[PDB]
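Trainee: For reference, the chains in residue letters:
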Amino acid sequence: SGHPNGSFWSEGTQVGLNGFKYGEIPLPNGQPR
Amino acid sequence: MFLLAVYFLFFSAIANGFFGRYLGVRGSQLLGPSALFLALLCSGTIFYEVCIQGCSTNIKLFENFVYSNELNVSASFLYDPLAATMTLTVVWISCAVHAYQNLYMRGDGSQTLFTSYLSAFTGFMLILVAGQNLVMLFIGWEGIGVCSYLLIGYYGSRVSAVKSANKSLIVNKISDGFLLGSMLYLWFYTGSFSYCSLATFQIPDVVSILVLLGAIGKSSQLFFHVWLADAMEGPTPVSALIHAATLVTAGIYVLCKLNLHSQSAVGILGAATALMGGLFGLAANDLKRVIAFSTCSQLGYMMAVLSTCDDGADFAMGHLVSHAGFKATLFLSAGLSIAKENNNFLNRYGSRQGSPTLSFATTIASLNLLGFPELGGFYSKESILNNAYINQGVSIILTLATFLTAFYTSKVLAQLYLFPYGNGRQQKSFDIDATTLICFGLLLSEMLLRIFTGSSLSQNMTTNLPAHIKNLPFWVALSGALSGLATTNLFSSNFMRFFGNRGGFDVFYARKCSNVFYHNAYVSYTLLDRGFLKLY
Amino acid sequence: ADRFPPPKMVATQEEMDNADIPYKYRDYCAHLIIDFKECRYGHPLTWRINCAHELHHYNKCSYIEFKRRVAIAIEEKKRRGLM
Amino acid sequence: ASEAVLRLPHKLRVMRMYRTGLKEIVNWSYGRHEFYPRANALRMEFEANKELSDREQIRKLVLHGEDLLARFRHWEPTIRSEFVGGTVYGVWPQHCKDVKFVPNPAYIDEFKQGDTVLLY
Amino acid sequence: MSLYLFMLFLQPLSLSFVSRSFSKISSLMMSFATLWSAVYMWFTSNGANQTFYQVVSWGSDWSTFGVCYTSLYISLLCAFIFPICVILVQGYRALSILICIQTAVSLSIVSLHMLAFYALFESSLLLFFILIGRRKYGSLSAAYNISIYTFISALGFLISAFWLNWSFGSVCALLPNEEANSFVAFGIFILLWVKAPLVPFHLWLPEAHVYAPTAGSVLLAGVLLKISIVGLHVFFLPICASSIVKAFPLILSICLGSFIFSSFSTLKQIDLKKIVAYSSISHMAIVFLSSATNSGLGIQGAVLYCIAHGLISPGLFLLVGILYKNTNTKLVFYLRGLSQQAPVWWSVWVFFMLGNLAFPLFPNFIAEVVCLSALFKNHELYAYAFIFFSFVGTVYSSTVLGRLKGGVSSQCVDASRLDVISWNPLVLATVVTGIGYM
Amino acid sequence: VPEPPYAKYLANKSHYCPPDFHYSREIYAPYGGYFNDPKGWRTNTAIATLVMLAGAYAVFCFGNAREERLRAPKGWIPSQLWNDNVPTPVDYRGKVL
Amino acid sequence: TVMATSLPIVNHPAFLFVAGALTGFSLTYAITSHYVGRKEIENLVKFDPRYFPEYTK
Amino acid sequence: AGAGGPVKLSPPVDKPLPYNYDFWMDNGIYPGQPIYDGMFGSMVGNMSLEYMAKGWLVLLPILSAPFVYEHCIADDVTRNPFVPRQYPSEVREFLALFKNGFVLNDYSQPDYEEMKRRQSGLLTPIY
Amino acid sequence: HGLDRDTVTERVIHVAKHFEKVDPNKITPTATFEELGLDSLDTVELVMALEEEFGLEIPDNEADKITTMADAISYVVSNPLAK
Ligand SMILES: CCCCCCCCCCCCCCCCCC(=O)O[C@@H](COC(=O)CCCCCCCCCCCCCCC)COP(=O)(O)OCC[N+](C)(C)C
Ligand SMILES: CCCCCCCCCCCCCCCCCC(=O)O[C@@H](COC(=O)CCCCCCCCCCCCCCC)COP(=O)(O)OCC[N+](C)(C)C
Ligand SMILES: CCCCCCCCCCCCCCCCCCCC(=O)O[C@H](COC(=O)CCCCCCCCCCCCCC)COP(=O)(O)OCCN
Ligand SMILES: CCCCCCCCCCCCCCCCCCCC(=O)O[C@H](COC(=O)CCCCCCCCCCCCCC)COP(=O)(O)OCCN
Ligand SMILES: CCCCCCCCCCCCCCCCCCCC(=O)O[C@H](COC(=O)CCCCCCCCCCCCCC)COP(=O)(O)OCCN
Ligand SMILES: CCCCCCCCCCCC(=O)SCCNC(=O)CCNC(=O)[C@H](O)C(C)(C)COP(=O)(O)O
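Residue numbers (PDB author numbering), protein chains in the order written: chain g, 26 to 58; chain L, 1 to 536; chain o, 2 to 84; chain n, 2 to 121; chain M, 1 to 438; chain c, 11 to 107; chain s, 60 to 116; chain l, 25 to 151; chain T, 41 to 123.
To be clear, the hints were calculated from the coordinates, so they are not data collected in a lab. Treat the hints loosely; a few may be bogus.
[Claimed, not checked] Below, in silico cross-link-like pairs of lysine-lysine (BS3-like), each with a Cα-Cα straight-line distance of 27 Å or less:
id, chain 1, residue 1, chain 2, residue 2
1, L, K428, c, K23
2, n, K101, M, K325
3, o, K25, o, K61
4, g, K46, n, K101
5, M, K246, M, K325
6, s, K116, o, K25
7, o, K79, l, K32
8, T, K123, n, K51
9, T, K105, T, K123
10, n, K12, T, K57
11, l, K32, T, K105
12, o, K68, l, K32
13, T, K105, T, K57
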């Protein structure tokens with residue numbers, strides 16, 4: 026438990042999308058929708 | 001400067017509830033408490049300017065919020081001595097609860113949304129308190145109602161929690177309907193919604209009854225107290241805020257702001273509520289429910305004191321602001337106890353090694369509840385009891401209520417600390433961080449400052465009473481405490497069962513009122529519009 | 002009532018307004034409550050220790066006024082024949 | 002007594018009475034210290050009548066004990082939090098897999114989404 | 001005014017010449033252009049001209065069109081809500097029907113001739129009979145209900161208009177006429193009694209809303225119920241005031257009974273669209289009674305509360321339609337866990353449900369305050385009666401919200417980008433009106 | 011069941027997330043996910059604080075413009091430092107300060 | 060035995076009797092107090108020679 | 025553990041449903057509940073409404089006994105051993121205006137009757 | 041947490057010892073309560089004591105089905121809330 030690195034001011038452990046906004050899947054190469 | 005606190009709270013609400021994806025759980029755990037700390041500085045400045053130095057301010061945000069023919073209302077804030085005191089108390093308690101929720105709600109999915117609800121909840125309380133006209137008060141009143149609806153029913157997968165939220169919503173709806181009626185009466189015959197022109201020396205009884213009926217809703221009095229006990233379904237930080245300052249106190253604040261109440265009704269209702277709340281808290285076996293019934297009893301004291309004397313409004317407000325502190329402490333310590341023991345029932349609590357700060361805070365808050373001499377609660381409660389001697393009927397009931405309060409307070413203390421360990425042999429633990437310690441330090445500082453600064457100007461003013469009359473509340477509290485420590489039986493099993501069912505107010509509603517409601521619905525729909533008036 | 006006449010009112014209307022004394026507190030004791038009010042709000046947190054002389058004087062005058070009220074009650078009750 | 006208790010056999014009915022009585026001792030107590038003497042007293046109360054063989058007297062005892070256990074049902078049962086009737090039952094229920102999620106919903110036939118009026 | 005009328009006539013005209021594959025795009029552009037023309041009509045409407053902001057006639061008494069306070073608000077409301085209906089509806093047939101309905105309804109609002117009002121308003125009689133009775137998702141019973149109710153009420157109104165045209169010689173509003181006859185007053189009244197759903201003539205509205213498409217329901221709730229107040233302020237109160245004051249106890253009896261029994265009937269609903277449709281009926285009674293007081297407060301409050309309803313109920317109907325697309329169900333008992341499964345839809349649903357319960361930061365609050373103030377000006381008990389029984393609405397709204405909020409669900413049913421685009425304007429308008437820009 | 015292709019775009023379980031707790035990671039909520047802790051949270055909090063203080067400055071200007079004191083304070087008040095419309099203090103006796 | 064380990068005095072018969080006597084005295088005094096205190100407040104003035112010379116002898 | 029706790033799922037309906045099944049609230053977790061607890065089904069503490077009414081019948085006379093004496097049996101002269109607070113004439117005249125005031129009970133005053141009739145004021149506005 | 045059989049066996053054996061009649065070697069991982077010498081009323085107390093040991097609530101109908109040392113261990117192992 027505690028904070029991830031033991032420090033409250035450490036970088037977030039979650040990388041990526043928390044969810045899919047409007048249900049849309051991000052394009053692979055970064056192509057705009 | 002005066003506007004800043006409401007801005008800080010509503011900014012915390014918007015930031016955590018709409019951009020919490022970017023901020024994160026840690027981001028809430030900073031932006032919430034920091035913003036409420038800044039609001040606490042602003043509220044302290046307001047308290048010094050208005051209360052101590054007697055400088056009321058009016059801020060008109062904009063005019064013609066509703067402008068239809070003669071009906072004209074504006075969004076204005078007037079910080080008068082009552083408003084500054086309630087603002088300071090509310091912001092102090094809310095900053096403490098926001099510090100508390102950082103560790104308590106870490107195991108909850110939506111901590112950001114919880115923080116956002118808490119901050120908008122405080123903001124609507126400050127809108128209610130600081131409004132210069134009746135419409136701003138109604139805005140804050142409905143805002144706290146909806147925020148309570150969204151906070152009690154936070155656990156949506158529990159049928160009990162959502163039904164509790166529905167109960168709160170419906171009861172509060174009836175109460176504000178009565179208030180809206182009284183508001184319309186006062187606008188029609190006084191010419192305005194502002195409290196300054198609101199003053200009437202003689203008011204017809206209908207307006208007084210409507211005001212009282214509206215007030216007894218949020219300040220849960222008898223026949224309107226059903227929602228407070230069920231409000232335990234929500235998370236512990238919600239219970240502390242609703243019982244300490246935001247919801248329960250609002251009716252008392254409205255009754256003190258506009259002195260249209262009648263002495264006969266308020267005293268009887270308050271004394272009855274105090275006695276019934278103490279009797280109900282006697283039977284209860286959840287830690288959290290006993291404290292809610294004690295909140296009911298203290299509300300009964302505050303409502304009763306209005307009938308006694310001209311200073312009754314000041315005494316009620318002083319007990320209000322004193323009560324917020326130790327009651328909030330009692331809920332926060334109870335919530336920590338539940339987390340550490342994974343239990344809600346008083347039987348299985350017991351002596352166990354813990355933090356000295358939490359046990360001391362619980363002890364001092366319970367001592368303030370009991371009436372222990374030379375404490376902030378003691379003065380604010382003796383100011384009520386001693387001044388209620390003139391109303392013989394009220395005084396007797398309040399003294400028995402003091403006995404009952406002492407009994408269940410001492411019983412809870414013995415069961416939590418003095419009693420042997422009652423829970424099972426399993427690994428259970430809740431380690432407390434420095435933030436929770438800062439929370440309890442803030443509550444303890446409020447309690448300590450209350451002694452030095454006082455609650456009312458006439459707190460230590462002499463009530464010309466014989467000594468045996470004046471010191472009687474102490475003896476009744478001591479006898480109640482001694483009987484509570486011995487855990488003696490006070491009532492027969494039939495009356496204990498009656499009190500455990502809280503007087504059967506809800507069972508009457510179930511069996512008669514709800515059944516009649518749905519039979520009216522059956523007649524209206526099935527028999528008539530989908531029956532008689534529907535073609536084959 | 003006539004037997005126990007009202008005392009002289011030391012505090013005047015302009016002084017009571019200047020001290021912002023509510024009408025409920027204007028009860029032949031108003032000058033002493035002006036003293037107590039100014040000293041209490043002068044000392045926000047030490048008034049309990051510092052402001053004890055003014056509170057004592059106010060309580061004393063209030064006690065005298067309360068005795069006058071009880072005397073009036075007894076006189077009226079004996080006039081009606083209840084005692 | 003409920004129908005389910007009545008349909009039970011004699012041995013299990015007396016067992017139910019003992020179990021419910023012990024639980025109600027737990028509910029009506031103020032602490033674990035009260036429990037043990039009261040549990041021994043309930044023990045002795047059942048042991049006193051165990052050797053009776055007269056069916057009619059035994060029926061009388063069972064019925065009276067069932068009435069007593071019905072009257073002394075506690076308003077607030079002491080239930081562990083994680084079980085049915087507990088505070089933490091259903092707070093954040095574990096969400097199951099195999100969830101039907103529609104990806105890129107607005108881009109499925111984007112131009113022609115809407116309601117149509119079909120006629121004969 | 002002339003630009004607005006020309007654009008209203010242009011929208012049905014364009015459909016005849018479009019490619020039948022560009023129909024949706026052209027219809028959306030035409031709807032937005034009509035909205036802009038309505039904004040222009042508001043710009044060219046000077047408040048200095050107190051009686052009528054603008055009056056235009058095109059060669060006859062029937063072709064007399066004009067805007068007043070009520071007409072201008074209602075016309076802006078319909079022009080605001082039409083584009084949302086346009087995007088929700090697919091197919092040349094459906095587009096044609098909805099465009100013709102909107103043209104007729106929007107011409108009715110600005111009409112100043114009772115006979116022309118009748119002619120334009122009832123031109124949309126078969127179009128709803130076909131629309132609500134569409135092949136797969138429509139019900140013939142509901143279409144029969146709505147068509148017959150409208151026909152009988154409008155024919156009574158037409159008979160009263162004929163009597164006025166015979167006696168006075170004119171039936172235009174701009175010519176001052178007064179009548180004390182009760183038969184003509186009832187003939188005009190019956191249309192209002194039916195069109196504004198008022199017990200016991202409210203049975204058509206529920207069946208119509210449930211079996212109408214989402215665009216159809218949005219138009220019906222948004223502006224077709226409001227046509228009653230245009231008729232009341234324009235064609236009943238100026239001429240039939242003596243009868244409304246003579247029958248005021250009866251008017252209050254019927255209005256308050258409608259409020260109470262519609263609230264109780266709402267409690268017995270298991271279908272979301274039916275819940276919203278019955279909430280509309282309970283909401284109409286306050287409007288009708290506030291106008292009937294014939295006071296400055298009542299008229300303004302009624303038109304304001306109509307605007308509030310025409311911003312809140314279309315949103316609820318739109319959200320329910322979106323949920324039905326995602327789930328193929330409207331039964332509350334099937335729908336559970338929507339808070340966890342659809343947080344974005346749930347937020348807007350709760351926001352609009354709070355709006356329907358008339359909470360302060362919503363336009364319904366200001367509108368209700370004004371209407372209740374007018375009722376209190378008439379009598380205290382009148383306002384007290386309405387204020388108390390408002391608690392019935394809270395019970396059914398709270399029960400619905402609690403049933404939807406939590407439970408176990410295995411389906412992610414949340415709105416797409418198109419859906420959010422659909423309700424964003426309504427949310428913005430609701431907020432803007434709620435802060436006082438009524 | 012083999013995780014769908016879009017699972018790569020979805021983020022992991024946070025440190026605060028209990029290991030037993032399962033949630034659908036595809037659901038989007040404006041208040042955040044089930045346990046959040048996004049990457050870059052520190053910069054977002056700094057930006058939020060900057061916006062808060064800027065809005066506080068604007069609100070402070072507005073309030074100071076609209077703060078009306080029509081009765082003189084009994085003593086010196088902190089508002090005198092920043093607002094010039096405060097009436098000169100008069101004490102309980104009546105003497106001006 | 061209520062609290063054997065921590066506060067054994069509660070189980071003592073003397074503690075129970077003192078607590079019950081305090082309960083009874085405080086509760087019954089609460090009712091009879093009104094008559095009593097009203098009598099002393101009257102007697103304070105009635106037997107004060109300055110206020111009422113006649114009653115004093 | 026607050027999150028992830030096991031739950032029981034309510035069985036799916038397998039028999040014809042009663043017409044008033046809307047009185048039952050079931051979210052899918054096993055312990056479904058009535059719309060209002062106590063409307064039907066198990067009663068908390070096995071106490072009926074008759075029992076609660078009898079208990080209230082026992083309580084009300086004892087609770088009402090303190091109030092009935094002062095309000096009804098007692099009279100202004102005999103309620104308290106003192107008269108209301110005495111004020112200067114200018115203050116007393118203003119304070120006597122308040123219908124909810126405490127100087128309206130001053131029987132020493134020569135305006136006692138009018139003050140008492142003011143205290144027992146109008147039930148509803150006349151206009 | 042799924043608790044392994046070996047620990048559950050140790051704790052059920054530990055609970056079973058406290059009955060005075062039961063002799064400390066007769067209790068085995070597979071033994072019925074009758075051979076241990078336990079009566080029906082005793083089995084009630086043992087089932088309850090198992091409830092405190094593993095911090096669980098045994099619904100009553102399953103409580104009847106527990107008559108052996110073996111099946112009690114099986115029931116505790118089955119329970120995912122057993123501590
Ligand atoms: C007064 C001037 C300043 C105004 C500021 C107001 C304070 C914030 C206002 C934000 C907009 C208010 C309406 C927000 C949408 C209403 C829905 C909502 O509030 O919550 C949504 C979702 O919340 C959101 O996503 C947006 C909320 C952002 C901030 C909300 C603050 C509280 C709302 C204020 C109350 C409105 C006042 C209306 C009456 C005066 C649903 O929540 P639950 O039903 O509890 O379920 C959540 C899941 N769980 C079971 C785990 C709890
Ligand atoms: C998905 C959403 C995510 C984004 C969330 C957005 C967050 C919104 C922020 C909430 C805004 C709260 C501001 C409330 C004040 C309303 C603003 C306003 O009305 O502007 C006023 C100007 O007044 C102001 O600027 C107020 C200053 C706002 C800041 C004051 C302190 C902030 C504390 C909030 C307390 C507000 C309570 C008011 C209750 C009604 C217009 O002035 P006039 O020219 O007189 O307009 C005529 C009046 N009428 C509108 C009625 C037609
Ligand atoms: C001097 C004269 C003295 C008085 C004489 C009176 C004689 C009777 C006059 C009655 C006139 C009213 C006409 C309406 C009749 C009711 C509708 C017919 C019922 C019906 O079955 O229609 C079905 C559906 O209609 C529906 O679904 C509609 C439901 C009912 C409509 C509600 C009626 C409108 C509102 C009533 C009052 C309005 C205000 C009155 C001032 C469709 O039948 P089908 O097409 O399948 O054909 C198959 C043939 N079985
Ligand atoms: C029973 C409760 C009443 C139900 C109505 C509820 C509220 C509706 C009020 C609408 C407001 C304006 C309508 C004007 C009056 C309509 C009904 C008023 C009540 C009423 O019937 O009064 C009658 C007079 O009206 C009349 O003589 C005509 C009555 C209406 C005729 C019905 C159908 C007319 C259709 C005509 C179509 C258009 C024709 C145009 C040429 C008799 O009362 P009284 O004065 O004789 O007193 C004798 C008592 N002892
Ligand atoms: C301190 C200030 C006052 C606090 C509240 C005090 C309330 C006192 C009212 C109760 C005392 C008088 C009761 C009436 C006498 C009845 C005595 C026998 C009761 C009885 O036989 O029938 C009961 C009727 O319910 C009833 O008796 C309902 C009558 C209640 C009148 C409404 C007053 C509000 C009550 C709210 C709280 C009281 C809860 C307990 C009543 C149970 O009926 P059943 O269900 O067996 O019928 C069968 C279903 N076919
Ligand atoms: C909170 C308040 C608690 C309420 C407590 C009230 C409870 C009432 C207790 C008194 C009621 C009784 O005695 S109910 C006693 C009923 N009497 C009999 O059944 C006689 C026949 N006994 C047998 O058949 C067996 O010995 C048997 C005992 C079944 C066991 O079987 P084992 O031989 O294999 O152990």
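Trainee: Evaluate each hint against the coordinates.
Mentor: Evaluated hints:
Between the alpha carbons of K428 (chain L) and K23 (chain c) the distance comes to roughly 25 Å, so the proposed pair stays at or under 27 Å and holds. Using a Cα cut-off of 27 Å, the hinted pair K101 (chain n) and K325 (chain M) holds, with the two alpha carbons roughly 15 Å apart. Between the alpha carbons of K25 (chain o) and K61 (chain o) the distance comes to roughly 18 Å, so the proposed pair stays at or under 27 Å and holds. At roughly 16 Å between alpha-carbon atoms, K46 (chain g) and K101 (chain n) fall within 27 Å of each other, so this suggested pair holds.
A distance of roughly 50 Å separates the Cα atoms of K246 (chain M) and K325 (chain M); the hinted pair therefore is violated under the 27 Å criterion. With a C-alpha separation of about 39 Å, the suggested pairing of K116 (chain s) with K25 (chain o) is violated against the 27 Å cut-off. Taking the CA atoms of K79 (chain o) and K32 (chain l), the gap is about 79 Å. The hint is violated against a cut of 27 Å. Of the supplied pair hints, the one linking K123 (chain T) and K51 (chain n) is violated, its CA atoms being roughly 35 Å apart against a limit of 27 Å.
Between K105 (chain T) and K123 (chain T), the direct Cα distance comes to roughly 21 Å. Compliance with the 27 Å bound is thereby established for this hinted pair. For the hint pairing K12 (chain n) with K57 (chain T), the CA-to-CA distance comes to about 24 Å; that is within 27 Å, so the pair holds. A C-alpha spacing of about 21 Å is found between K32 (chain l) and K105 (chain T), which places the hinted pair at or below 27 Å, so the restraint holds. Straight-line distance between C-alpha atoms of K68 (chain o) and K32 (chain l) comes to about 73 Å, which puts the hinted pair past the 27 Å bound.
For the suggested pair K105 (chain T) and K57 (chain T), the alpha carbons sit about 21 Å apart, so the restraint of at most 27 Å is met.
When the structure is compared with the earlier hints, violations turn up for hints 5, 6, 7, 8, 12 and for no others.
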